[PDB]
Every structure is written in C-alpha cells, then in structure tokens.
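Asks: If you want the building blocks of each chain, they are given just below.
There are 4 protein chains.
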Amino acid sequence: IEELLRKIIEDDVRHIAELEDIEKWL
Amino acid sequence: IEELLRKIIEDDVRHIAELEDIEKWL
Amino acid sequence: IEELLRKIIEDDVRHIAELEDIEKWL
Amino acid sequence: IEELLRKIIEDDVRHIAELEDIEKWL
Ligand SMILES: [Zn+2]
Ligand SMILES: [Zn+2]
Ligand SMILES: [Zn+2]
Ligand SMILES: [Zn+2]
Ligand SMILES: [Zn+2]
Ligand SMILES: [Zn+2]
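Residue numbers (the authors' numbering), protein chains in the order written: chain A, 1 to 26; chain B, 1 to 26; chain A', 1 to 26; chain B', 1 to 26. A prime marks a further copy of an entry chain.
Chain A with its partners taken away, still in its complex shape:
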C-alpha cells in the first residue's frame, strides 16, 4: 500500500504541474 500511495502522490504532483501549465497557456 505504501508504494501505491507514493505513486498516486507522484501522479497528483504531475497533475498540479500540468494544470498550472494549461492555466498559463489559456
């Protein structure tokens, strides 16, 4: 479970970075 949670966290960090970028492009 620890490893699963770490992977989900890394995904959400990526989402924050990606959505902040889209925000800027818009």
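Just so you know, the hints here were simulated from the structure itself, not pulled from any lab data.
No distinction is drawn between identical chains; accordingly, a pair holds when it is met within one copy or between any pair of copies.
Derived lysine to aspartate or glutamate pairs resembling EDC-like cross-links, with alpha carbons at most 16 Å apart:
1. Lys7 - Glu23
2. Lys24 - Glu3
3. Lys24 - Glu2
4. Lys7 - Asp21
Given chain A, work out where chains B, A' and B' with the ligands should sit, using these hints.
Replies: For chains B, A' and B' with the ligands alone, kept in the frame of chain A given last:
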C-alpha cells in the same frame, strides 16, 4: 491541451480503482 | 483513514466528470 | 475553464497532503 487532459483523466480513473482497492484491504 | 480515502475518491470522480466536460467544450 | 482547472489544482494539493499524511500514519 486535449491530449494532456486525456492523460490526467486516465490517471484519475486509475486512482479511483487503486484507492478503492486500498480501502477494501484496510 | 477510510473516510479520508472515500473523500479523495469522490474528488477524483468529480475530476473525471469535469475534465470530460472541458474536453467537450474544447 | 480556468476557474474549473484552479479548483482541480486545489483538490490535488489537498490530495498530496492527505495521502502523505496517510502514508505516515500507516
Ligand atoms: Zn490528480
Ligand atoms: Zn512546463
Ligand atoms: Zn487522483
Ligand atoms: Zn484528480
Ligand atoms: Zn456537465
Ligand atoms: Zn488527486
């Protein structure tokens, strides 16, 4: 942007499945 | 923890619904 | 759309904090 958002959607689909699985394990 | 996980799942379900909508608007 | 994406970002910020907290509890 559309391709990006598709990838995010796919991630969230995986997150719901994994977190639901974790919730049952616990 | 169970309740926290359920809330995160509900958020991600909303994200899927919202991003599918944005997808369509774009 | 920009307002929507901001709300998603805010959610993911909460998710990273909560999942990290869960990861420590476990
Ligand atoms: Zn996310
Ligand atoms: Zn960038
Ligand atoms: Zn997620
Ligand atoms: Zn999400
Ligand atoms: Zn709608
Ligand atoms: Zn999330």
